[PDB]
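Work the whole structure out from these sequences, hints included.
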Amino acid sequence: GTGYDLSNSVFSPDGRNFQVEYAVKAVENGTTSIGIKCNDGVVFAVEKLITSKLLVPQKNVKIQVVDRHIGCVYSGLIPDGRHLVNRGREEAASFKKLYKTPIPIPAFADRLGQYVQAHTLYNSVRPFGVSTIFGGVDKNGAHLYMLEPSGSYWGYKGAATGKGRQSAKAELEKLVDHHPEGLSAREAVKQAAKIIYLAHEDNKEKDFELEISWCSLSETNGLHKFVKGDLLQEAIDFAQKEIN
Amino acid sequence: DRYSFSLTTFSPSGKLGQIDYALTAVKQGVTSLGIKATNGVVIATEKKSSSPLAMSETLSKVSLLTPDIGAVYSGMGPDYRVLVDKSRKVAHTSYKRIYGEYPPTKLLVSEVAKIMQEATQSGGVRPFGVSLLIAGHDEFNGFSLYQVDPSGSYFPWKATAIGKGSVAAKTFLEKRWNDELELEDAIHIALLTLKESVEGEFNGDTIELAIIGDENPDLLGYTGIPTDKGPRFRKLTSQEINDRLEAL
Amino acid sequence: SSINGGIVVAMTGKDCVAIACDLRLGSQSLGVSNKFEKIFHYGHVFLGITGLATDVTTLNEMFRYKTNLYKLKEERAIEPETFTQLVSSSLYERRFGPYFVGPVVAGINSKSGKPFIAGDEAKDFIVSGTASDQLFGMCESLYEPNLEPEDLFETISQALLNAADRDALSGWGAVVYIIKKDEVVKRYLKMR
Amino acid sequence: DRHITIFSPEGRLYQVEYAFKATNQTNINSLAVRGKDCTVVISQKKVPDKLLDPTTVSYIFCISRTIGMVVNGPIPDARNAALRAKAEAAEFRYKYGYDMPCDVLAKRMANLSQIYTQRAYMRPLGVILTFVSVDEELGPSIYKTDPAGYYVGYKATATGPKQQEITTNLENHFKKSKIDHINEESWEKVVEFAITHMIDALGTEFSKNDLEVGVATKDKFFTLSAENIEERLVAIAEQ
Amino acid sequence: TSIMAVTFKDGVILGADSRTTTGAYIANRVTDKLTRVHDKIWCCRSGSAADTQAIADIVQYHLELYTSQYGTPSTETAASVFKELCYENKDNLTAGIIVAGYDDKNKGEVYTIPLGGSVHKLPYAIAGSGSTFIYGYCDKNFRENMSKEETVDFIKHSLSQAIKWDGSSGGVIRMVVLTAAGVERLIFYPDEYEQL
Amino acid sequence: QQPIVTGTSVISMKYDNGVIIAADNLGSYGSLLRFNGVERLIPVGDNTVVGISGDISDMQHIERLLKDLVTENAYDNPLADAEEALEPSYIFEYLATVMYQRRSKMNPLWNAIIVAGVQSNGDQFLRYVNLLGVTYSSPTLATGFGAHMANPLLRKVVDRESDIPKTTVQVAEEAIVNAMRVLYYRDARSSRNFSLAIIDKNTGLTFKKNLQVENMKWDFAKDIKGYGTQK
Amino acid sequence: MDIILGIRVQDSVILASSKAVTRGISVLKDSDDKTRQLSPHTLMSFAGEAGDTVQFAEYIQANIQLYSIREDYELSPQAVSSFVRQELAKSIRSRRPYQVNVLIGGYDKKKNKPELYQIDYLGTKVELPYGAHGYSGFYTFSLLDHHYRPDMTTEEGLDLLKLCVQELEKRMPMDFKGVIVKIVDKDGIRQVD
Amino acid sequence: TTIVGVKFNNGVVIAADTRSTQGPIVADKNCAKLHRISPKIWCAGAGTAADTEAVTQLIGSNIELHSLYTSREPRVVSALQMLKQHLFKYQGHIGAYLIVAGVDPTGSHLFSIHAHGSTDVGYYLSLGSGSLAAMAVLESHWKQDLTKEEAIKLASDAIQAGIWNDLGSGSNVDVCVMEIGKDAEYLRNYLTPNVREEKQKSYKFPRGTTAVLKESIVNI
Amino acid sequence: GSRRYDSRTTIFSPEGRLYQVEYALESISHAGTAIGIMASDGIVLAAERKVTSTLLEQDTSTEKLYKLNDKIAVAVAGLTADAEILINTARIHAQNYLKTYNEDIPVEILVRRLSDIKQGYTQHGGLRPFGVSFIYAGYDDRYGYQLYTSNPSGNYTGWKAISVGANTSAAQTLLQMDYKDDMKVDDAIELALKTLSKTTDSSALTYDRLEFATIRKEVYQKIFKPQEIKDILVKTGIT
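Protein chains in written order, with PDB author numbering: chain G, 5 to 248; chain B, 3 to 250; chain J, 5 to 123, 131 to 203; chain A, 13 to 251; chain H, 20 to 215; chain N, 35 to 265; chain K, 1 to 193; chain I, 30 to 249; chain C, 2 to 218, 224 to 245.
Rather than coming from a laboratory, the hints here were simulated on the basis of the structure. Treat the hints loosely; a few may be bogus.
[As the list claims (entries may be wrong)] Pairs of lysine to any residue residues, derived as SDA-like cross-links and limited to a Cα-Cα distance of at most 25 Å, are as follows:
(1) J:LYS39 x K:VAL126
(2) J:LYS70 x J:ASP131
(3) G:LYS101 x N:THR201
[To be verified] Derived list of chain B stretches under chain A, where covered just means 3 residues or more per stretch with a C-beta under 8 Å from a C-beta of chain A:
(4) 4-10
(5) 56-63
(6) 79-86
(7) 122-129
From the three backbone atoms N, C-alpha and C, an ideal C-beta is built for every residue, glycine too.
Here you go:
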């Protein structure tokens with residue numbers, strides 16, 4: 005639809021907002037991000053491409069915490085993801101100020117969805133060029149969401165975004181079939197590492213650094229924490245041996 | 003809002019295109035008519051259902067604006083509904099709150115016409131796609147019937163019709179209208195004029211009719227103030243319409 | 005308000021109304037003028053305003069504005085009842101930061117011919140200003156319903172004169188309007 | 013004229029027409045029916061992605077204690093409308109001291125839609141809203157709002173790609189029964205009726221995962237769990 | 020005014036006198052001071068009736084919004100909304116609120132929001148002009164996990180003394196009982212509690 | 035504008051390896067000793083304690099601000115547990131900024147605040163700010179009534195900065211506890227129940243709750259008879 | 001305090017204004033002209049709070065001059081006094097009122113009539129045969145009430161003004177350092193002794 | 030001023046005196062204090078008359094508009110809520126003290142509103158300078174099972190106690206009766222207990238006692 | 002953004018013309034002819050009604066001629082709703098002037114202010130101009146009887162006799178032919194009606210198709231009732 009795609013918030017004759025579909029093309033060009041819901045928590049992982057030797061290892065962190073209990077990871081235009089996370093942090097702070105409890109993950113999800121959907125209402129704004137995987141632990145346990153440029157979000161057992169989304173999604177499907185009782189957080193960390201490595205059997209034009217985070221009632225006291233040191237190296241070893 | 007500019011503009015021929023297109027929307031609308039008698043005004047319209055499951059009783063095509071002023075429309079129903087709300091509020095805030103009195107029909111019609119005009123010139127809005135027939139009574143001017151068009155131009159009529167059937171209806175009304183017509187005759191002529199333009203089914207469920215007539219002290223809801231007039235606006239029931247149609 | 009002084013009285017009669025005021029303009033004890041008429045009219049509706057003379061002038065000019073615009077829009081002169089409502093709403097619009105005034109409306113409705121006064132529609136007599144309590148005493152003693160216009164003139168004039176004689180801040184002449192649907196007569200009274 | 017809500021030479025608003033097309037994007041059908049003292053909403057649930065959490069996939073919203081809303085159309089606009097409607101209902105109760113009626117909320121949301129049809133800077137929402145309640149005065153009530161800012165009350169309604177098939181079957185049922193409502197005393201039988209009728213119209217059996225069901229009663233609007241829908245489906249299999 | 024809330028084994032009981040005074044005149048002898056802001060969240064109001072009614076209406080509105088967006092509010096959340104109102108308007112509003120509520124996880128909770136808009140979670144709270152006279156009695160007689168009957172008696176005795184001594188307190192004793200089972204309203208007349 | 039529920043004195047002291055801060059647990063309501071479980075020492079991380087006196091509602095507001103500051107500092111900061119943790123000096127400067135801005139808007143937070151901590155370099159931090167934004171440091175700090183009675187006693191231990199390296203944690207804690215006892219004898223708005231926090235550059239934060247004033251002397255009161263001549 | 005006096009005679013308006021300016025303990029000036037010409041046939045004198053009077057009078061003068069340029073026409077003394085009254089009546093309701101009392105003397109060349117308007121700081125306007133502000137009337141009005149005649153010539157008006165000034169100098173305790181006298185007539189505005 | 034409200038078995042009565050005072054002076058002997066908010070919702074005000082009039086007019090306008098918008102009969106709780114919130118916004122600077130009574134689809138209602146925005150429900154209420162006398166009568170004669178005629182008698186007796194015993198109250202009793210399922214029955218001057226006796230003589234002057242300087246006709 | 006849809010009113014063409022003004026003038030060239038004539042003793046306003054039907058209330062329709070105050074009237078050609086907006090503004094301005102100066106507004110001051118309002122819409126704000134031309138008839142004590150015209154540009158000019166609307170070239174030709182400075186109001190009434198009769202594109206000039214007004218000596227300001235228009239049409243021999 006070459007007539008109706010020049011301006012956000014225009015319906016095409018078939019009812020489509022083409023600028024949102026093009027923002028989705030921006031997402032599909034991004035690196036692979038995944039999320040896994042475990043029996044008491046969520047695991048986030050992201051492919052960080054090593055565009056050169058000169059990038060400082062471990063330093064260009066892509067996962068973001070919101071409040072203390074929400075993790076966010078996104079694929080696409082990284083600055084749009086930072087912008088969305090800044091709004092999320094404002095929303096969480098406002099909720100906790102008025103209601104002293106930490107913002108529930110479904111509430112936070114709707115706050116983000118409304119903000120993203122608002123960027124589809126006017127021609128004076130661009131849609132978000134990110135899809136965001138986010139989640140955490142609240143009083144009702146673990147929740148995992150993936151939010152699209154349209155503002156559409158759903159809860160997921162596992163989620164994948166970016167260039168490797170299809171292979172990741174197939175591996176998450178197998179993981180959900182094989183562990184119907186629910187995966188543990190440490191095993192979910194190992195699986196997330198494997199899945200990111202398998203998704204990087206696409207997009208192999210460059211090397212990559214794995215970044216993992218998690219939020220688990222047992223393993224983190226329901227706080228979002230980065231996976232570092234021994235457990236990260238163990239996850240990388242598991243991923244490499246599962247390939248090699 | 004970045005649309006601070008007018009969307010209605012003059013063409014080289016001097017047409018305001020959006021206003022002519024709004025009038026085309028009106029002319030495709032369901033037929034409405036009005037007839038002024040010596041002792042009242044009739045306004046009437048077809049109620050076209052969107053579905054056999056819809057409760058047409060829940061959709062009011064005829065609206066009270068004041069106890070003595072009624073409106074009907076042809077064209078875009080939602081625009082009419084929003085204009086009714088604005089007309090009611092402006093009748094209060096621009097007049098009743100100042101003078102303790104409901105506006106005369108002509109002044110409320112002016113206020114509505116102003117609202118409609120502003121949509122033809124202010125930034126970022128289209129015109130309203132409705133034409134209104136506004137019927138009323140006031141102590142000094144008596145009974146009045148006005149048409150307001152999308153431009154916000156308004157004209158007093160003895161009788162008129164608007165919408166798809168308005169040409170045949172206006173010709174029939176020119177045949178039938180006279181200075182000696184009583185309200186019961188005007189209702190009879192209104193029912194005849196709608197019969198010739200309804201899509202077959204013609205009854206008190208497919209017709210909405212209201213009158214501006216005598217004061218109705220039974221509708222006032224209180225007693226003991228002899229100077230407080232009952233409302234002159236009255237929507238006819240479907241049973242009253244059927245009773246009249248059986249005798250038509 | 006009392007800085008300037010002044011009194012207005014209106015009375016209804018048989019198919020008539022009277023409205024009357026003193027003419028003094030003061031500045032506390034100093035008398036400034038005896039040409040400060042407190043009674044205005046807007047078509048056939050008469051408005052007396054007592055109180056602060058700057059507010060009297062301002063409100064007269066404002067009601068002239070509003071009743072001219074009314075006549076232009078409505079294509080008829082305002083009636084006394086409608087004008088009373090207009091006065092009420094215009095004064096309450098300054099409910100905070102008031103005009104320091106006491107309006108008195110008098111007239112005859114063009115259509116019904118009913119005499120009307122307000123300061131409501133207290134139909135016998137209406138009193139405003141510095142000598143209000145003297146005026147209440149006089150009118151409540153002298154007033155009779157359905158006075159003919161000549162007797163109404165005598166009654167309102169004696170009420171005004173005798174009340175004014177006991178008010179220091181009002182007087183130096185009085186004006187009486189006798190209003191009939193066909194005819195308004197202005198009369199000036201000497202004060203002693 | 014095709015791109016913003018101004019008139020075409022035919023007096024049409026093409027963006028409004030195209031917003032109606034968006035309402036079928038989800039390919040979901042919904043059905044609402046009135047009992048004597050309940051209102052029931054049935055909506056299809058389609059959750060083909062095994063990675064979804066099905067409990068989060070819903071087009072039925074609890075607007076207030078008493079008002080339910082079902083949406084046809086994409087979920088982001090549905091959630092926009094739902095949030096606005098929730099705010100409106102709470103604000104109405106605060107301003108006026110009583111629970112917002114379903115018809116009044118439908119009027120208010122329809123007026124917002126009309127504003128989007130008239131002001132160029134806001135697009136229409138691509139959603140059809142069906143509000144359901146048992147009104148304190150009007151009793152069981154269905155009011156349906158659309159992108160034109162049209163709304164009306166319904167005896168019963170359906171929305172979606174197959175709305176004509178469901179609507180004509182409902183119309184035939186009312187022709188068969190000569191009533192404006194489903195003559196049953198308790199909402200479980202109205203749910204079973206509505207499910208049976210959706211099955212007959214769509215020609216497909218439903219698992220408990222293939223549906224979501226909303227019930228308005230005098231006390232509250234509530235949504236059935238999948239196991240309550242199971243109980244109704246086995247009741248249909250056995251009744 | 021004399022208002023109480025008391026946590027007990029099954030939940031919480033709110034108690035109030037019914038007297039509203041304007042100076043020494045009793046403007047309302049049958050006041051209901053126990054205001055529902057949510058199904059199982061109630062408040063006792065003391066201080067300015069206009070301020071506390073306005074606050075309670077605003078809290079009820081905010082909690083209705085919360086319920087429709089985020090599900091059922093906790094009693095702590097209601098107390099937080101009360102706090103934000105009382106604290107941000109502490110110069111204009113003279114409101115001492117007791118907030119009490121039940122939920123199945125926390126059971127009964129009591130929060131007092133004195134003047135100034137501090138919040139204090141307590142096993143029981145007393146407030147209003149008549150509470151002064153019963154601080155000693157309540158401290159000597161409260162115990163954790165009383166039965167419903169013992170708690171009703173404890174409130175009845177305490178408020179009966181507060182009514183005996185405070186001219187600004189009197190009339191009926193109203194109670195609201197919040198438990199798993201539901202909400203129950205109680206009333207005790209002077210010829211019951213003046214015999215205590 | 036006017037404080038309603040109030041905490042009373044916070045007292046504090048540098049010692050050779052750290053800082054000690056103590057405050058009682060009472061919220062008074064005028065002369066009514068209304069609330070008896072009010073914690074007034076707010077730890078911020080493992081290196082800082084904020085002691086607050088004055089209006090308890092403003093104290094609760096400050097405690098919220100401090101929790102928010104820790105959350106914000108953790109954002110996009112992988113060293114928030116390390117070299118980019120909050121220092122006592124950062125927390126103090128933020129609080130002093132807020133206090134002075136609030137004063138300048140004529141809407142004071144009606145509090146006196148002592149920030150006690152150990153800097154990452156191991157320096158003792160001990161600084162006061164009040165509702166005016168007035169700030170000062172000393173080897174001993176006390177708010178309110180403690181400024182008049184506790185400071186003399188603590189200064190008998192630490193009179194100058196060269197006394198700090200000579201002063202052990204045992205001596206400092208004993209001095210703080212005795213000063214709390216003196217306040218209980220002489221402040222009509224004090225409680226015998228208090229909290230004490232120790233921040234040591236080696237042993238970290240030790241936060242002691244539910245301490246009680248002990249070894250009070252009252253038996254000499256038996257001998258006091260009348261007010262002059264009553265035998 | 002300041003003295004401003006006005007007398008409307010048959011052919012002209014005479015305005016008389018005191019020359020003193022006093023700040024605190026000292027007479028700073030003995031020659032101050034408390035008037036502004038608003039138009040070729042309209043003169044305003046003013047008295048009141050220091051600073052307010054001149055700021056007000058110059059604002060009025062600028063507005064009347066702007067009107068005259070825009071219309072190429074001179075406003076009547078009536079229209080000028082109505083405008084000045086409106087500005088004063090506004091100022092009473094403003095955040096800082098002009099504490100300014102004025103006399104406006106003009107010659108209406110359409111009516112061929114002198115006109116004298118007194119306006120107080122409240123915006124109380126009155127057309128008068130003769131006028132004063134503050135205490136100057138307390139001493140002068142009995143002389144004017146006794147001797148004033150509407151058909152007085154300018155010279156009789158000036159002699160009556162001299163009597164009023166002599167009475168002020170006798171009985172009023174301040175020393176106002178005499179008056180400047182301006183005459184407004186068909187020939188315009190001139191200064192006299 | 031004395032105003033009372035009295036609920037009865039199928040409705041509510043409100044009643045008022047008709048004296049308006051300017052300080053110690055009776056400005057109007059027959060002021061109508063019962064003001065219609067809507068056909069079946071009526072209010073009566075103590076305090077400054079203008080504030081009662083204005084807030085009643087504004088609320089009645091908004092109630093009528095809201096009734097048209099909702100297509101429903103207005104509710105007394107809506108008038109109450111709107112009055113409450115308006116008066117609270119003005120922090121008691123609107124000196125309106127109201128009794129609000131009415132009938133609606135939810136039944137009969139009776140409320141008082143104070144100028145600060147505080148409200149209470151009651152079965153019987155009184156306001157104004159005569160409120161203590163009226164309440165003394167209400168407290169001594171009110172009962173739960175009042176009929177309409179008993180409630181009218183009680184309300185007018187309470188107003189009469191105000192009229193006889195409060196200087197600020199006098200002249201006539203006005204009553205409005207709102208039964209469920211019926212038109213509101215406004216009873217202007219239901220009692221007239223204070224009719225002035227005839228003067229000892231007529232004071233009509235002979236024509237010409239007043240000296241007139243001059244006369245002119247005014248064009249109008 | 003919205004820039005795509007902005008027609009850019011208030012720009013010069015390459016010839017230095019304002020196209021929206023020229024097109025509004027074209028719009029006015031299709032409106033009913035209005036005529037002003039300044040006699041020695043007064044002013045005539047006459048206008049043709051374009052809308053006609055047997056069912057119109059010509060006795061209450063007052064679409065061409067409006068009083069602005071007791072001394073000034075306007076005749077309108079063009080969009081009556083825009084004219085009513087401007088007329089209300091002018092009425093307010095006249096009353097503001099009376100409030101300020103306690104004198105009736107000079108005619109030129111009113112005309113200039115309304116023309117400046119019209120000019121503003123040609124220079125700033127991106128809105129379309131008002132599609133109305135006015136004839137102003139007034140009296141004041143400075144110039145006496147004055148006749149002005151104004152158009153969408155906000156130009157205004159004084160005239161002895163003027164026409165606006167459809168047939169103005171013909172009307173001005175006939176007025177040049179027959180106007181005289183000495184002529185009385187009763188002469189100008191005839192000249193106005195004869196010019197309308199010779200310029201109307203209807204079959205015959207009749208009292209229902211006419212509006213008529215005069216300002217004549224105080225000054226009195228008469229809008230003719232239709233019977234008076236019959237009387238004047240027979241007196242002139244046109245009917």
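Right, here's what the structure says about each hint:
no.: 1; hint: J:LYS39 x K:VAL126; result: 9 Å, holds
no.: 2; hint: J:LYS70 x J:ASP131; result: 22 Å, holds
no.: 3; hint: G:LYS101 x N:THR201; result: 42 Å, violated
no.: 4; hint: 4-10; result: holds (count 3)
no.: 5; hint: 56-63; result: holds (count 6)
no.: 6; hint: 79-86; result: holds (count 5)
no.: 7; hint: 122-129; result: holds (count 4)
Hint compliance for this structure: hint 3 is the single one not met.
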